[PDB]
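Below, each chain spelled out in residue letters.
Protein chains: 6
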Amino acid sequence: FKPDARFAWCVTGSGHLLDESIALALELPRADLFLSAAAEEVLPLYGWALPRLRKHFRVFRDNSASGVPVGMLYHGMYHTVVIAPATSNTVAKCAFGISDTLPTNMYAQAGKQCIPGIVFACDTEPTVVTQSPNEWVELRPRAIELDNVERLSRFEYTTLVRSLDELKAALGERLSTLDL
Amino acid sequence: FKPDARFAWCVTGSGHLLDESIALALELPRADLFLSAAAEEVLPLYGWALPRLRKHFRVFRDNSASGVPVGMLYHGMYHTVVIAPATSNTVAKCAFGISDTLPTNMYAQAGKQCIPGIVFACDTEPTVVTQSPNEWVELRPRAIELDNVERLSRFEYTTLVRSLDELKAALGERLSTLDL
Amino acid sequence: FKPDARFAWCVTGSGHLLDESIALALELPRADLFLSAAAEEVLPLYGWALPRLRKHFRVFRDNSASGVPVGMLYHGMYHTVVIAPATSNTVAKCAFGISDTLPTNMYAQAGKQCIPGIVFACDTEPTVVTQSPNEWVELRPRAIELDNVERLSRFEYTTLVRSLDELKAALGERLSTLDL
Amino acid sequence: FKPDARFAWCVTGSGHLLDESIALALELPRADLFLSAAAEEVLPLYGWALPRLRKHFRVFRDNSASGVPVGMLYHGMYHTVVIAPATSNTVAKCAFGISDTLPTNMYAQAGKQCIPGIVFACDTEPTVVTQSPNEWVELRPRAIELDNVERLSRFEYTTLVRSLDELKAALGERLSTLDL
Amino acid sequence: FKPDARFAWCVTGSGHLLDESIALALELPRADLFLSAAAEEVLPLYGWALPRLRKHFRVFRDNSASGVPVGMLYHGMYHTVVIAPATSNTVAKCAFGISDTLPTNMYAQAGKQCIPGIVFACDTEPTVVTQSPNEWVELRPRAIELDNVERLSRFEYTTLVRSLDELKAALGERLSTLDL
Amino acid sequence: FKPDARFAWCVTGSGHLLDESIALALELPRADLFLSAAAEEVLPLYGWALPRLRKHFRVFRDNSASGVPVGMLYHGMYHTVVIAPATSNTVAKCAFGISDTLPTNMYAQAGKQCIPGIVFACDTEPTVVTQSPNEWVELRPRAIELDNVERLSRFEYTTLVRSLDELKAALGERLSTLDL
Ligand SMILES: Cc1cc2nc3c(=O)[nH]c(=O)nc-3n(C[C@H](O)[C@H](O)[C@H](O)COP(=O)(O)O)c2cc1C
Ligand SMILES: Cc1cc2nc3c(=O)[nH]c(=O)nc-3n(C[C@H](O)[C@H](O)[C@H](O)COP(=O)(O)O)c2cc1C
Ligand SMILES: Cc1cc2nc3c(=O)[nH]c(=O)nc-3n(C[C@H](O)[C@H](O)[C@H](O)COP(=O)(O)O)c2cc1C
Ligand SMILES: Cc1cc2nc3c(=O)[nH]c(=O)nc-3n(C[C@H](O)[C@H](O)[C@H](O)COP(=O)(O)O)c2cc1C
Ligand SMILES: Cc1cc2nc3c(=O)[nH]c(=O)nc-3n(C[C@H](O)[C@H](O)[C@H](O)COP(=O)(O)O)c2cc1C
Ligand SMILES: Cc1cc2nc3c(=O)[nH]c(=O)nc-3n(C[C@H](O)[C@H](O)[C@H](O)COP(=O)(O)O)c2cc1C
Ligand SMILES: Cc1cc2nc3c(=O)[nH]c(=O)nc-3n(C[C@H](O)[C@H](O)[C@H](O)COP(=O)(O)O)c2cc1C
Ligand SMILES: Cc1cc2nc3c(=O)[nH]c(=O)nc-3n(C[C@H](O)[C@H](O)[C@H](O)COP(=O)(O)O)c2cc1C
Ligand SMILES: Cc1cc2nc3c(=O)[nH]c(=O)nc-3n(C[C@H](O)[C@H](O)[C@H](O)COP(=O)(O)O)c2cc1C
Ligand SMILES: Cc1cc2nc3c(=O)[nH]c(=O)nc-3n(C[C@H](O)[C@H](O)[C@H](O)COP(=O)(O)O)c2cc1C
Ligand SMILES: Cc1cc2nc3c(=O)[nH]c(=O)nc-3n(C[C@H](O)[C@H](O)[C@H](O)COP(=O)(O)O)c2cc1C
Ligand SMILES: Cc1cc2nc3c(=O)[nH]c(=O)nc-3n(C[C@H](O)[C@H](O)[C@H](O)COP(=O)(O)O)c2cc1C
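Chains as they are written, first to last, in the UniProt record's numbering: chain A, 12 to 191; chain B, 12 to 191; chain C, 12 to 191; chain D, 12 to 191; chain E, 12 to 191; chain F, 12 to 191.
Just so you know, these hints were derived from the structure itself, not from any lab.
One thing to keep in mind: the hints can contain errors.
It does not matter which identical chain is used: a pair holds within one copy or between any two.
[Stated by the list, open to error] Computed cross-link-like contacts, BS3-like style, restricted to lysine-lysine with a CA-CA straight-line distance of at most 30 Å:
1. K179 x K66
2. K123 x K179
3. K123 x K13
4. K13 x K179
5. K13 x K66
Generate coordinates for the entire structure from the input sequences, incorporating the hints supplied.
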């Protein structure tokens with residue numbers, strides 16, 4: 012990798028722990044953001060519109076079908092790919108080798124080049140989504156979500172994490188490895 | 012249970028997600044706190060000294076060897092027992108039927124009376140503990156921690172949860188069941 | 012054993028059949044009582060405060076972390092160890108080789124010296140606890156209680172009994188063996 | 012670890028080979044002692060009262076329920092945890108992930124942080140305890156003691172040793188690794 | 012069942028826990044007694060002669076070969092059949108479908124009509140029978156007694172209980188079911 | 012055996028725990044020493060030259076190819092054979108039925124006559140041998156040593172012990188059996 016290589020932090024269209032995920036990315040020494048089309052829609056709804064993101068990050072939008080920004084991986088510009096948060100959709104696509112979004116292309120190309128990937132899968136446990144003070148909706152991962160997490164966790168050069176704490180740990184191990 | 016039955020929320024000597032756990036307890040309609048001896052030492056270190064807790068809760072300290080406050084379970088005063096956060100130590104004791112602290116006695120007696128228990132086990136995944144801005148310690152659960160979580164998760168009338176989100180979901184299901 | 016060796020009768024913090032257990036101990040030719048910390052709290056609630064016990068027995072309280080009174084086993088002063096009643100907690104500790112109370116230390120040290128132990132396990136069957144004339148609570152042993160009884164029943168030099176009648180029988184066999 | 016990191020040598024309430032264990036600790040370049048409550052009672056009976064220990068060691072007593080001194084592990088102050096001698100009780104607690112004493116908390120926290128532990132289990136073989144010149148008591152480990160030693164010996168980052176000689180060897184290997 | 016349906020409490024010729032069994036029957040809201048021929052002989056020997064029983068109960072003697080009083084089951088007069096205490100003899104007869112006494116006919120006819128039966132089997136554990144202050148006889152259940160208890164415990168609409176405590180629990184569950 | 016029968020204590024050319032082994036032999040009521048050729052060379056190096064040994068013991072040197080002193084076993088002069096310490100070499104020879112030294116002949120002939128043998132095998136665990144204050148050598152038993160210990164431990168009339176404590180226990184049991 013180049014001496015000043017960076018984290019490639021991909022964001023998908025997940026509202027789940029989105030703010031906390033960006034908060035962690037903010038703590039990293041050098042990271043650029045790579046968005047899916049859905050992320051670009053979802054991020055403004057949770058406090059992270061593009062103009063705010065660009066105060067802190069270089070931000071690459073998903074505006075090509077071929078995933079043109081992934082070409083930077085060939086130039087040693089990114090030492091690690093992160094997907095956080097990862098929608099169930101993106102976990103499914105990664106697990107089956109589908110790459111038709113910027114984050115799934117970044118992940119697949121990283122793997123082909125033996126670049127470490129860290130994937131924060133957010134559908135491993137039940138959760139609660141509230142609308143009013145005394146009304147809420149419980150979400151429960153389905154068999155397919157759980158199976159896809161298991162599938163992806165077995166991938167080469169991939170650390171699948173299931174919580175913010177574990178994401179922090181994976182990032183910390185990567186930083187230690189890179190002597191950063 | 013009595014018409015005005017409450018949550019029995021037990022706290023153990025865990026700094027891990029302690030503040031967020033108390034925050035959830037604060038949201039419940041009626042809950043009393045039951046501390047281990049270690050909790051009484053640890054809680055003040057993280058912003059929850061007894062005088063602050065007592066502004067919001069009835070608080071029972073672990074000051075008897077026999078677990079005298081557990082007698083209230085026999086009077087239909089508590090419809091649910093929670094342990095959150097639960098130290099690895101308390102998960103181990105619960106898993107093997109040891110009850111020599113107020114929280115482990117509350118849990119065991121609940122089970123014998125078929126009162127639902129919800130246990131927030133905090134040692135299921137790696138995590139990071141920081142001391143200085145650029146120095147930190149990674150913790151990793153051992154086989155025994157993982158095995159004990161598996162053991163306890165199989166207990167009658169017990170919902171073992173592994174995250175704050177899942178704890179919220181379990182609490183929400185309980186509230187729905189009780190029509191609260 | 013010394014010519015005038017005695018029964019070492021350990022009491023734990025169990026209200027269950029406590030009065031009947033002490034009644035049986037009273038019938039034995041020479042027995043001393045060894046209490047857990049919880050027993051010292053529970054016994055007065057059921058008619059057996061320390062001053063009443065001391066009219067009939069030498070009574071050893073659990074007031075050392077190391078279980079100092081157990082040293083008397085090394086001097087041939089006790090030919091038999093009894094635990095009656097035994098809490099689920101003490102059955103669990105005995106079953107896993109934990110000895111951090113006077114009764115569990117007495118039991119473990121007895122075993123290491125091949126001194127017969129008799130353990131009255133009180134959580135083998137459902138029971139009823141009453142509060143008012145027409146209101147009561149049913150207790151039901153959990154899998155862990157049943158499993159721990161099975162575990163402990165297999166121990167060397169150990170007779171696990173599940174009723175007062177069977178405790179009487181075990182005591183009677185011991186008396187016959189000792190020609191008392 | 013810090014440049015001047017030390018051995019964390021835990022002592023439990025075992026009279027067995029206690030004097031020889033302290034003798035070995037005395038030979039180590041830098042070691043602090045961490046006592047259980049039972050150790051504090053037992054040590055004076057065998058020639059090692061606290062004032063004598065403190066001529067040679069920093070000594071931490073077990074005077075908190077939460078195991079406050081273990082916090083020093085997070086600061087890289089101890090490169091190794093030793094438990095020697097280890098009572099059957101402490102071996103049992105370690106084997107099942109119970110940590111409610113200073114030594115068992117030191118051991119568990121070491122493991123979670125991948126700090127090497129060395130445990131001198133003293134109940135692996137029959138032994139003789141004498142009272143008078145021509146009278147003595149044979150002790151024999153029970154199945155549960157032997158099983159617990161086997162269990163603990165399989166733990167991550169743990170070297171279970173069964174003799175003083177093997178403890179010396181383990182310490183020597185650790186010193187060689189640390190280039191001390 | 013009729014609105015004022017009763018317990019049909021059968022007594023067999025067992026001296027074992029007979030007084031305590033009648034004591035429990037006395038606590039039930041509405042119960043009639045149904046005796047075997049042997050019960051009629053044994054009951055007076057233990058404090059419960061027919062005239063004393065009839066101060067508290069309607070009492071049906073076993074004075075017909077066909078078990079004429081069992082006809083009352085067809086009229087919805089009894090919501091539950093109890094046998095307590097049950098001799099080994101009556102447990103054996105029930106287990107093999109033999110009905111040639113009033114209690115065994117009550118039990119079999121209850122089963123055919125899907126009326127719940129509760130059977131207190133008294134030969135599951137060793138016990139002691141005393142004659143003089145320092146002389147006694149130990150009884151031990153044989154394989155056939157243990158096997159027959161296992162057999163009967165599997166019967167439809169049957170709760171086999173092995174202690175007074177468990178009998179109380181079964182009765183309590185029945186009362187709760189019947190909203191009594 | 013003769014009324015004044017003795018222990019036949021064999022010594023091999025082991026420096027390991029040699030001084031402590033002789034110390035135990037000194038405590039026995041009546042024991043004679045039987046040396047291998049290697050023992051006669053090694054003993055003076057560790058404080059036990061023949062003239063010192065002969066102040067306390069009758070000492071038989073290995074100065075015949077046929078093991079002439081073993082003839083005393085035929086005359087009921089020795090009730091027990093001990094080998095302590097036993098070199099790996101002597102454990103190997105005993106395990107395979109080789110008897111071409113005084114100790115291995117004493118052991119084999121004892122076995123053929125059903126005379127109890129106690130063998131202190133010293134190669135069951137790693138150990139440390141020091142030369143200078145800060146330099147030492149670790150020894151580790153090989154598979155063949157461990158296998159041979161297992162083999163010999165299965166021999167008729169043989170108690171294989173792996174520590175000084177266990178040797179003391181075996182000797183104590185023998186003394187108790189012989190009412191000495
Ligand atoms: C269309 C939509 C889909 C969502 N899907 C998920 C999901 O798959 N998993 C999840 O944990 N939360 C999901 N959420 C919840 C958001 O991530 C987040 O919690 C936020 O509070 C949304 O609030 P709201 O759905 O009530 O409008 C979803 C929200 C929306 C609007
Ligand atoms: C406000 C909002 C919040 C959402 N949150 C989630 C979520 O937390 N997890 C999830 O799997 N999908 C969530 N979705 C649905 C995804 O955006 C949707 O599946 C999309 O196709 C994901 O595409 P992507 O994986 O390429 O980013 C959300 C949708 C909306 C509109
Ligand atoms: C003695 C001690 C034990 C701890 N044990 C754990 C643990 O088992 N699991 C965990 O997630 N955090 C553990 N922590 C971390 C605290 O829960 C919490 O994260 C806090 O930040 C402690 O900061 P500090 O250890 O650096 O002093 C422990 C902290 C201390 C002092
Ligand atoms: C400041 C501090 C923080 C701690 N945090 C944790 C923790 O997050 N998880 C854990 O298993 N133990 C933690 N410990 C250790 C426990 O307090 C210790 O094991 C204690 O025996 C637990 O007892 P309890 O389960 O009855 O509450 C901590 C200790 C201290 C002093
Ligand atoms: C805190 C507490 C725990 C008890 N635990 C048990 C138990 O595990 N098993 C049991 O048979 N009885 C148990 N009991 C019941 C007492 O042993 C005894 O039956 C007595 O009647 C207690 O009355 P009470 O609980 O209504 O106050 C418990 C009672 C209390 C107060
Ligand atoms: C009034 C009272 C009665 C209790 N009765 C029982 C009981 O019958 N059985 C039981 O397992 N625990 C019972 N407990 C709970 C035990 O006292 C508790 O588990 C304690 O930790 C036991 O410690 P020990 O085994 O060392 O004596 C009771 C507690 C109280 C306050
Ligand atoms: C209460 C007590 C418990 C003991 N437990 C053990 C033990 O579990 N294992 C052991 O090898 N020695 C044990 N010992 C023996 C001491 O560790 C030590 O050998 C010392 O000589 C004790 O002498 P004494 O028991 O005759 O008073 C115990 C001694 C006492 C007093
Ligand atoms: C004088 C004395 C010596 C003891 N020696 C031993 C011993 O050698 N081994 C052992 O397992 N227990 C021994 N015990 C019993 C332990 O001290 C007891 O089990 C205690 O609960 C251990 O607690 P700990 O493991 O936290 O230190 C001894 C007790 C006394 C009073
Ligand atoms: C003929 C006879 C048979 C008995 N059978 C039993 C029995 O099978 N099981 C039992 O627990 N007790 C049995 N007992 C004991 C009585 O139920 C009861 O305990 C009473 O104390 C009888 O005293 P006794 O036999 O010494 O005369 C029997 C007693 C007698 C006389
Ligand atoms: C005084 C006395 C007490 C008895 N106690 C018992 C007993 O406790 N258990 C038992 O199985 N048989 C006992 N028997 C024997 C039974 O009465 C005998 O087996 C009889 O045939 C039982 O008939 P039944 O089951 O129809 O009532 C006792 C007999 C007598 C005379
Ligand atoms: C030739 C020789 C062989 C030895 N073999 C062993 C052995 O097989 N096992 C052992 O525990 N010690 C062995 N030792 C060590 C001695 O038994 C003893 O520990 C003593 O301290 C020897 O010191 P030194 O070897 O440094 O000269 C041996 C020593 C020597 C000189
Ligand atoms: C000073 C010295 C110490 C020795 N210590 C040991 C020892 O501790 N264990 C061992 O297996 N061999 C040891 N040996 C090697 C044995 O003496 C050697 O294998 C010899 O052949 C043993 O013969 P033996 O079994 O008939 O006595 C030592 C040798 C020397 C010179």
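Quiz item: Given identical chains, is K13 near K179, meaning Cα to Cα at most 30 Å, within a copy, between copies, both, or neither?
Solution: The answer is both: 24 Å in one copy and 23 Å across copies each meet 30 Å.
Self-check item: Intra- versus inter-subunit Cα pairing at 30 Å for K123 with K13
Solution: within (18 Å within a copy, 35 Å between copies)
Practice problem: Indicate which option fits the pair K123, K179 if close means a Cα-Cα distance not exceeding 30 Å: within, between, both or neither. | Solution: both (25 Å within a copy, 16 Å between copies)
Quiz item: Taking 30 Å as the upper bound on the Cα-Cα distance, should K179 and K66 be classified as within, between, both, or neither?
Solution: Result: close within a single copy only, 23 Å intra versus 34 Å inter.
Practice problem: With 30 Å as the alpha-carbon cut-off, assign the pair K13 and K66 to within, between, both or neither. | Solution: Only inside one copy: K13 and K66 sit 24 Å apart there, 38 Å across copies, limit 30 Å.
Of the numbered hints stated above, none is contradicted by the structure.
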